[PDB]
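Engineer: Here's the letter readout for the chains.
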Amino acid sequence: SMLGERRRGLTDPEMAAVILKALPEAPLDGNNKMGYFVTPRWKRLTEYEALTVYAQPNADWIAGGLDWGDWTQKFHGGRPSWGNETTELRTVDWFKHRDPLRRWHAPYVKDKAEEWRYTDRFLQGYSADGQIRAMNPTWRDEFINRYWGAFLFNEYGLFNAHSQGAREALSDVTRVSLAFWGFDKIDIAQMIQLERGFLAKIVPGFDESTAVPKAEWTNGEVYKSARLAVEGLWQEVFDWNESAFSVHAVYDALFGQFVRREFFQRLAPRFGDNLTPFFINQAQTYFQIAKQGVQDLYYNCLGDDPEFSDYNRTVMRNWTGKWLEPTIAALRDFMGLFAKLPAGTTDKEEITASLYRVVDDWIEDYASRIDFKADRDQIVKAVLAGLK
Amino acid sequence: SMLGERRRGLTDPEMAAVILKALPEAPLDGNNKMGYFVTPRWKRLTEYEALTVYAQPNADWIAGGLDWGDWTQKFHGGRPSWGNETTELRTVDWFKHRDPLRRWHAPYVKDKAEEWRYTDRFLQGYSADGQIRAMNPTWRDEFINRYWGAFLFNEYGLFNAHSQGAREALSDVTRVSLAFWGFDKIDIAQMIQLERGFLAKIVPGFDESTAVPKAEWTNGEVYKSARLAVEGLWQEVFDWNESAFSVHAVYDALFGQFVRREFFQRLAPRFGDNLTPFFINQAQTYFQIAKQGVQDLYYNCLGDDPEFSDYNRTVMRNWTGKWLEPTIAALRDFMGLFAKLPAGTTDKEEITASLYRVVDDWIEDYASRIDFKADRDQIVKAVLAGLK
Amino acid sequence: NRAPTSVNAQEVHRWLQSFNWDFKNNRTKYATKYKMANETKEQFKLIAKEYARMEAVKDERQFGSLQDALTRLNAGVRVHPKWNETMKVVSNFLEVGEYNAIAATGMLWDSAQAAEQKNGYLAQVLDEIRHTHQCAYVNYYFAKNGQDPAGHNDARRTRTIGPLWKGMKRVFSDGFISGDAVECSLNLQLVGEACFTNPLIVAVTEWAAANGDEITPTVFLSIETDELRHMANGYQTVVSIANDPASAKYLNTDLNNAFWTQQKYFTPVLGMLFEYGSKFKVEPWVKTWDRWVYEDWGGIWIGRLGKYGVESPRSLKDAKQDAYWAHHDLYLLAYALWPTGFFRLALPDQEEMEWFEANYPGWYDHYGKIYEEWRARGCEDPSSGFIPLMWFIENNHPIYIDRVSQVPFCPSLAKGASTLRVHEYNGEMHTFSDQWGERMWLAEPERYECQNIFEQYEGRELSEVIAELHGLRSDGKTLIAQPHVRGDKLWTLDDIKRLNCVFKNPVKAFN
Amino acid sequence: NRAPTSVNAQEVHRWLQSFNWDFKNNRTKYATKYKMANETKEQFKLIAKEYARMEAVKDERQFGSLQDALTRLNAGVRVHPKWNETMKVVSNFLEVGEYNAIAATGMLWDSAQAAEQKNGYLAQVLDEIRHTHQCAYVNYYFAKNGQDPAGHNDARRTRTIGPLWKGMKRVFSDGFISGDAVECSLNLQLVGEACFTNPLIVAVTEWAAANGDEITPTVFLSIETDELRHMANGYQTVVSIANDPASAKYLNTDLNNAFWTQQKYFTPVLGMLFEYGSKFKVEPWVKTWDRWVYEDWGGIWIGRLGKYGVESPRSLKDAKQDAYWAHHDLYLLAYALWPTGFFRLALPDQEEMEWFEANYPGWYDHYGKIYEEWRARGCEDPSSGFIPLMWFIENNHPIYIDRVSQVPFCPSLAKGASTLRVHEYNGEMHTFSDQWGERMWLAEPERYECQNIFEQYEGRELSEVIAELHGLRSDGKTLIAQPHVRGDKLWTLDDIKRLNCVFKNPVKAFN
Amino acid sequence: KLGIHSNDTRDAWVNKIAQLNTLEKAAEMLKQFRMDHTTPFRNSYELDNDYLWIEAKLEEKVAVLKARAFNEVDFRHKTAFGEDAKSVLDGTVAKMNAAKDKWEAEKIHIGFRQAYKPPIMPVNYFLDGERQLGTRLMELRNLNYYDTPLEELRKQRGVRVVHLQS
Ligand SMILES: [Ca+2]
Ligand SMILES: [Ca+2]
Ligand SMILES: [Ca+2]
Ligand SMILES: [Fe+3]
Ligand SMILES: [Fe+3]
Ligand SMILES: [Fe+3]
Ligand SMILES: [Fe+3]
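Residue numbers (the working numbering), protein chains in the order written: chain A, 1 to 388; chain B, 1001 to 1388; chain C, 2001 to 2511; chain D, 3001 to 3511; chain E, 4001 to 4166.
Hints are computed from structural coordinates only; laboratory data are not their basis.
Please note that a few of the clues may not be correct.
Some chain B residues close to chain C (C-beta under 8 Å, calculated; not the full set) [claimed, not checked]:
id: 1; residue: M1034
id: 2; residue: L1066
id: 3; residue: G1077
id: 4; residue: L1101
id: 5; residue: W1104
id: 6; residue: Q1124
id: 7; residue: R1167
id: 8; residue: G1197
id: 9; residue: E1216
id: 10; residue: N1219
id: 11; residue: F1338
id: 12; residue: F1372
id: 13; residue: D1375
If we take Cβ atoms under 8 Å as the criterion, some of the chain C residues that face chain A in the derived model are [as the list claims (entries may be wrong)]:
id: 14; residue: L2073
id: 15; residue: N2074
id: 16; residue: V2077
id: 17; residue: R2078
id: 18; residue: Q2147
Note that beta-carbon positions come from the ideal geometry of N, C-alpha and C, so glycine has one too.
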């Protein structure tokens, strides 16, 4: 029917009259601010905080929890749903963390959606504009397909390293940040494949199959130490914080940042390749977005905790050292890739300068935060010793 | 008051009751499709078509109009509000055009908004990532600030060339397409300035003032003929179709594409500049989007008009010859910029091959559509004479 | 330093004025008596990208409401029949105003020489495109989900049948784009938008909400948020030409002419759509008008521009004098000619007559009785063989069309203005309803040659015109227009043919 | 060939399965009895960017309707008082279910070995994050624009005061993440979402609409659009382990335990919220329950999994016998302990009592007479000094908390199940309400040590517990919870303190 | 056949137009048509309901013929009658600038349209003329616009007052 059979209380005369008749003259409480009891991080409480903080039903025995009592159902053996026992780090309140970008689900998918739609448009413009004509064939069929593509498995591995954190995170603000850090990583991995798939469409003999890049990753030599570092951060670490900290404030900050920014984002342009940098722009925007979150959690909140500042910095410096080695090892194996570059692409002088940019940025953004004493000269020297 | 004083007919019991009683048992017509009388370009009528076609109140004496009679008020002298006299081109129906991208206002601002917000994200990630460190100082302070900067005036003039068309276009579908073609040009001019403003923020001493780029545009040699052509296209053309056609299917297709794609997009990467390409990617996406609409109006609709095909091609061939000369002069003067580059940047063979790409693309996407007999080598030879 | 940094609109706009450069032929392509100052600035510091973002946000909220909650609430149906019909006219007629405003501002963009003033007009060019599509969407939505799609679904072609459309094109189409760019700006921005549309748009949302329509408020309220920019453009047009000698000579004349043009059509038409096209009343048109035209515009707004030489329109007094009964006089004609519309009309019901009499003493003795008689003659019934137009003929009450404004008038019956001027010139007869429109024609005959419906339909049988111009429902027989808003006993093309009504040009009676 | 080209989600997903590689420690970090095939595929071919786009589109409609039209219609206010209160519980309790589902699927993502199966769970991880924020937004919106913000604005902490919250955590928090990953998948997806969540969400929008609430339908109908992907995740979970020999040995027991766990709480709780937390009714819960659990889930859904070794839970017949009066029995307890909630409750009015009797023959003679007795004694009036909990003590009707499900029960008064098993083990007493929960505790005592409210509040005076856990409104004196939904005569902390109500552990009576 | 959009008058003219096979004859017919049926100075109002549409059909034929007969330079710079467009434009503007009053001015502008409207004159020159001629016409016309009483303005315009009411 035109009017339908269902009667709605907001528009049905009879029902609405009954409802209006039952309403009070004014709200039964003037405090219309949901989450009013949450301590604002900024001037005023934000929508991000109101909708997120305290969604996790932790009891007081888990630093910051507002509930009481044990969990209703635990694991066989007695392991709690969530518990202090899942991470070495300690704090006065697990709900202190705040994503600097204040990202809850809505803003997050809005931004990634815009990027998806612009990506689509860009690709349609690139192909129609014939910009592929000026790209160096060796850089494409060899370094983009094989070496850039292999790096997708590195990102995919870092993505998966977040699985346990998604399950064990001790707070909502931390779970959300963690989930977004990992989702952005798989996105990057899928964007690397997207480019190879695009090239396959506009370049007659290009094969999008992951066979070549996978073999390079699994059996190759350039990414040997990289993969070993990844398989370890993912499947050998059971502490959700050690995983996120080491992945974002150690490995990806050094190895990842070097490969993306100092190798592909720096050399691709020299081969007439503005395609790859388009996607790397995304990866770098994501990396820098996540960094602000990583920094707020491990430094502003944990590393500077009013009660466990010393304790946490010790645990993290311990972690920094534990993974700094596999990382440097990853950077060393990678150096062997420069030997594959056509003569005259770059020089040891540029490379040395690019390594210091990474190491110096790392020291300034991470190392110095937990007072970890790292030696730029020795690290660069250790890695640089990989040049063939 | 909690409930308010205004009573609404949809929710107010008494008023809704009155409204519901007056309603018929079912719709008084089963044809619930606005614009059902419009001939669909594709399978089914689109929202784009429904909301746009026939919005312009043309009478039948302006090809395709459904109204009747003279305008109610004309200009002093008698000139009609809109009339056949404002353009040399003729057609069986001015409402035939369809933007292949089906852009009405909502989808149009949606996409540009996505591009704006992502641009802001990109810039915040670019600055935070310190990628400016690897950009060649000379390329930045000389070629980006002065020469890329001067090009903003080219795009600005092309934007302004659309003012009369916004007023004179003979149909809604053409007016909307034209407005969007022009709006994208001012956007590009503003993105060029946006980049200069960004550099001024992240590079100490970089002056965002337009004084230098403007002096280059108004009194320099590299852009002398380009400026002369733009001044002509904009202010000496009173025919709205000659303007849009000559701008998009002659001048910008040859000079514009060469500058944006074969000079800046092609050479910026060689100087560690991934910033400029980010914006040129947008300009090229916009160029390819407008091209589809330009081809539909001038070739599909006018050049292939069932009754005026031969006449319209004669006129467009005429306009092509009229504007090809000034366009070649513009490219010729621009050749002067190559001598300003650091030795070894590019050579005559690369420059020539890049000229041929632009000319061959133009012959394929535009010239051949109207049987314009363009001689690729003669056009290139005339331009090369400008190489110092 | 690697602190996250970016660039906003104002930062780029700072250098926008410098984008334009000098050269011999850098001048407007349109005829104008004025000179817009080269340094004129604009109020809002926007760039393309930011403009798109701020409008995109509005669109999402608007279309979100329309596609989700409003559709779930059946908002397109639960509206009073009379108002569903009124919106066919209101939304489609405003649409053409929005549309021509695109071209009008394209012309102003061309007129302005300062990059910033060009940019201000540019934002309106885009806004007017948005508004065209928004008004189109209202008709599109009511056609798709409403109680009577006819008219909402083809107004762009069915509006050409009736006389009310002609006047709309004068004030919202040709008045916006034909003439001195400044004269057009006055019709569009300084008078049209500032005096009528701005207040009108908001009023429409009130009348709409009162009659169950939550669709129109959702769109029109969104349209209204863009008007600040347009008002600034109009005000800035005056500032840009204030320091030129021509301004003292011509400004007030163009303004007075624009005011009369706009008022001539809206004074009677708006009040008519509101009062007669509604079930629930919001406010008497008389008081709405006085506040708009006299207080707000003719007082506050117009006063601010006094420093630039602007003065209160000299025809303001005549406008008010003719205003009071204007809309009442017109509804009699629109209903009499109901078969020429693309919407259904209703006679005032007892409850409405009381409201009319209460707010307009003397209404019943004149209009009330007339409507009661037409009702008695069976104007609502298809078998009566009666159309109010016959009543005008039987009682020797000729209806003329103003040559300049296109507004229909019956001087022998109107309670308002009753003047009629008839001139013959070079083999053609011309009829005027006021001294301002008459001066316009005598001074600028070649600007006003619009043929009226009687001239075009002369000697044609009514049913043939309606059929030729597609004034039928999907069944191909029932008329779109109706003399009542009920769901039964709808008039058909054959009911009209049997009346054997043949148009004739009333001016031919003159020797 | 410069044809505009691009690449879509499906084209990338084509190679998603190959993203995972083999290596020594590539295995789940969580304990499990099953083995998920590493070649399991997923139903929807999505990549992160496309997922974001499809959800972003849904968000724009939803928030657009909420911020625009719905706010303009005062949709947050024109809701029946009882339903405004009911949504405090429905949205917040559902919120925790959404939240723990994030961790649950995070655990499932870690469990899957096939890249595609991981990607399937990943999509849900993000969806449950969106749902957490959506349920949060409903409370946020009602607090912001509703008739009573208390409870809506602080449920995350005020929910800890009452007993209903404990059982919610069992089915939608701990039941989702504590145990064999597969067991959790069964509680969450196979049973929770497929049997309850999915049907419930839509049912909630129906009851909401009937009571004037258009806010909840706007959000919940959007959440519902994401459930197909989660249903698939659940289905694929079984297919994923169907070949593992361990499946035949454990699947049906984890499922039966999962079925009992979920129905134990929702059978009484959902019907209670629907029938007692509303004014206008949609459908009798007995009718609804039978369709959901027997027709749709127990029949169709469980049937399609038959080929994978899945069988109807053995406790199904028991569930149906215990179901009929379950929700009616519970409201008596919820109302008797009204001061422990974070929402206002109402006793059935005359029309409702007639509706209950008509749909549940015998309702009046038991529940009806009791409510009338409590009301005449003054349970709604703060000066009566009467709270229904006093009636239970007076008439020797102890209220216990099932050690496993946390569901409150009163065997001496119940018209439904009245079994009771009490045990002592290593210095601790335990109370059980059914044979399935008893077996669970006996076999897995260390999995169920949740302290109940009587144990925690033992020896404490009621008003002190309320004050301590912030069960007060802005003025710091009036209780959030109330025994009626009218605007006057609200109970204060002093009204409670004066009752001198002190909690006792009911199990100690067996000592 | 007496329709609004289709009738015997329009059909008749489509046939007459179909017989214009040379530019000169076609262009002369178009100009004659404009003198006979357009502007308030038209020789006759007999085609009032169809002239706008018929003129457009005549324009179409003259345009097609001109593009076929004229070389590229002439198509851009000469009128359908072979006159130098710039010379005509400048000469007409000169007359307009010498106009002594608004009455002389209106005749120059209106006459220019009737004689040179595209496809007679190239659009670029014609609209440049509209720009310049309209400016002077308005300047002359809008000066002291309300000084002359209606009684006297009617006489200046030269109308025959048929009926007055008030
Ligand atoms: Ca030179
Ligand atoms: Ca070479
Ligand atoms: Ca006569
Ligand atoms: Fe507008
Ligand atoms: Fe406007
Ligand atoms: Fe969910
Ligand atoms: Fe779910």
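Engineer: The structure should be examined with respect to each hint, and the outcome stated for every one.
Structural biologist: Results of checking the hints against the structure:
1. Interface restraint check: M1034 (chain B) against chain C, minimum CB-CB distance 4 Å, threshold 8 Å, status holds.
2. The beta carbon of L1066 (chain B) is positioned within 8 Å of a beta carbon in chain C (closest approach about 5 Å), and the interface hint is therefore held.
3. With a least beta-carbon distance of about 7 Å to chain C, the hint placing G1077 (chain B) at the interface is held under the 8 Å criterion.
4. Among the interface hints, the one on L1101 (chain B) is violated; its C-beta lies about 15 Å from the nearest C-beta in chain C, farther than the 8 Å criterion.
5. Restraint check, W1104 (chain B) versus chain C: the minimum CB separation of about 5 Å is within 8 Å; hint holds.
6. A distance limit of 8 Å between C-beta atoms decides the matter here; for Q1124 (chain B) the minimum to chain C is near 4 Å, and the interface restraint holds.
7. Because the beta carbon of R1167 (chain B) sits about 4 Å from the nearest beta carbon in chain C, less than 8 Å, this interface hint is met.
8. Restraint check, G1197 (chain B) versus chain C: the minimum CB separation of about 5 Å is within 8 Å; hint holds.
9. Taking 8 Å as the C-beta cut-off, the interface hint given for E1216 (chain B) is violated, the closest approach to chain C being about 11 Å.
10. Proximity of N1219 (chain B) to chain C is violated relative to the hint, the smallest CB-CB distance being about 10 Å (cut-off 8 Å).
11. The beta carbon of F1338 (chain B) is not positioned within 8 Å of any beta carbon in chain C (closest approach about 25 Å), and the interface hint is therefore violated.
12. Residue-level restraint check for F1372 (chain B) is violated (minimum Cβ-Cβ distance to chain C is 27 Å; threshold 8 Å).
13. Taking 8 Å as the C-beta contact cut-off toward chain C, the hint placing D1375 (chain B) at the interface is violated, the least distance being around 31 Å.
14. Taking 8 Å as the C-beta cut-off, the interface hint given for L2073 (chain C) holds, the closest approach to chain A being about 6 Å.
15. For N2074 (chain C), the suggested interface contact is upheld, since its CB lies about 6 Å from the closest CB of chain A, less than 8 Å.
16. About 6 Å separates the beta-carbon of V2077 (chain C) from the nearest beta-carbon of chain A, less than 8 Å, and the hint is met.
17. A hinted interface residue such as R2078 (chain C) counts as satisfied when its beta carbon comes closer than 8 Å to some beta carbon of chain A; here the least separation is about 7 Å, so the hint holds.
18. With 8 Å as the threshold, the beta carbon of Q2147 (chain C) comes within range of chain A, its nearest partner Cβ sitting at about 7 Å, so the hint holds.
Hints 4, 9, 10, 11, 12, 13 from the earlier list are contradicted by this structure; the remaining hints agree with it.
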